[PDB]
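Encoded as structure tokens, the following chain is the form deposited in one PDB entry, with no partner shown.
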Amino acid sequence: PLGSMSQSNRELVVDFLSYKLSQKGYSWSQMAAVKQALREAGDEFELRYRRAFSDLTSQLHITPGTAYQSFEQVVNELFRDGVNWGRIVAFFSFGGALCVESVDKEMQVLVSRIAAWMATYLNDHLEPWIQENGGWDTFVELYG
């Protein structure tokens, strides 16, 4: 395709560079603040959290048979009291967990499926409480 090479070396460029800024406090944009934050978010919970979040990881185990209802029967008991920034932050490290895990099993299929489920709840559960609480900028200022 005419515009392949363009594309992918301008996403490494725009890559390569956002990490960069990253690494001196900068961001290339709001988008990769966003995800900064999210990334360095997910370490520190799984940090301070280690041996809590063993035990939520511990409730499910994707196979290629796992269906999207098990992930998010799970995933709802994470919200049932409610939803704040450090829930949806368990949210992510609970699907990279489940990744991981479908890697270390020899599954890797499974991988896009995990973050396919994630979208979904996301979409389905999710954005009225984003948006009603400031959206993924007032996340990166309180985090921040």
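Rigid core (definition): largest C-alpha set, two forms, superposition within 1.5 Å. Positions refer to the first chain, counted from 1. What changes on going to the form deposited in another entry:
A 2 Å or larger CA shift between these two forms, after fitting on the rigid core, occurs at just one of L56, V75, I114, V89, namely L56.
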Given for the second form:
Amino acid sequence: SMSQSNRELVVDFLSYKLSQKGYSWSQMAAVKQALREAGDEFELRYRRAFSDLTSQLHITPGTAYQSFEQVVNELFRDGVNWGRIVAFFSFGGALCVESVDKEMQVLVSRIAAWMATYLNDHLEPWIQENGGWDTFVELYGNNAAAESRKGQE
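Got the form deposited in one PDB entry; any chance of the form deposited in another entry too?
Here we give the lone chain, stripped of any partners or molecules.
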């Protein structure tokens, strides 16, 4: 409704301005902001190493799911870790941007669902065995990865 949208807008803005000062609106908001930052950083490290190969997947409606499935299964074959989970979000992101680029906007909503389902059915086990997302925030909050790279520079 109108009250819900105003509330949601107040919450989003306050969450942002709090995180700008090192605070957080809520534990969820802190996870979201650490994850965005880790995404930015993973994409920066990826693009410095390798070329953007998204176009080379040749996304189509018929192939979109199997493409997603195969990249993600290969990403987690050897095991799971926070960095690989960040890679999974980034790939989902690159996958959605490509879908819009190639005028298949509707795949964004489907890619989002494939991602949530994979999180529920295949990553949650490991996530709960490894401290939950609060532990992720402990490792990646305050833009930790980007700083760990800025140190070596």
